[PDB]
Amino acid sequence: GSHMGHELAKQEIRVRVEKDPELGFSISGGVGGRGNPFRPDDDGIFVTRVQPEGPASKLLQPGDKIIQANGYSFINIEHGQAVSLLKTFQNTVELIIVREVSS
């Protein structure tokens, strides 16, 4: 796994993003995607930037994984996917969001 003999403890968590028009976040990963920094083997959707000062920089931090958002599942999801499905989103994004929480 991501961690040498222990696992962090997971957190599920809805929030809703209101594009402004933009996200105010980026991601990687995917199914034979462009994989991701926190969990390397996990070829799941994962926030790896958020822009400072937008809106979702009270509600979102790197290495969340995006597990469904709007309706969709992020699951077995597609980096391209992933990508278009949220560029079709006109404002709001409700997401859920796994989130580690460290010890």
The other form holds:
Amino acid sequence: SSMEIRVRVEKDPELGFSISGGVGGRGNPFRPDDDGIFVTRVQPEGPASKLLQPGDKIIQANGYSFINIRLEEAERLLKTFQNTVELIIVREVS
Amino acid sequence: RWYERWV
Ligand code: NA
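Having seen the form deposited without the partner chain, can you show the form solved in complex with the partner chain?
In what comes next, the whole complex appears, and the chain from above leads the way.
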């Protein structure tokens, strides 16, 4: 059971969260057999606080699909975007 | 192990 969430994070100066995972990558601490990109830590007083949560799977960012993406490409895109970034994430619920 | 990258 899960929900899909569309959120806008205003870089100031970064998005304020970390990512793990990726195709051909080293995995993630949330869904071991999923090669997706996962929000891993969120900076507590940063632009993503109260918007994203650890474990959120990023499936789209500024219109780029993050399904089947390499970690390095996800990171470099997210760092290259300017100002407000629109994310679509998937959040699991117990 | 998995690793993380800040953005
Ligand atoms: Na801010």
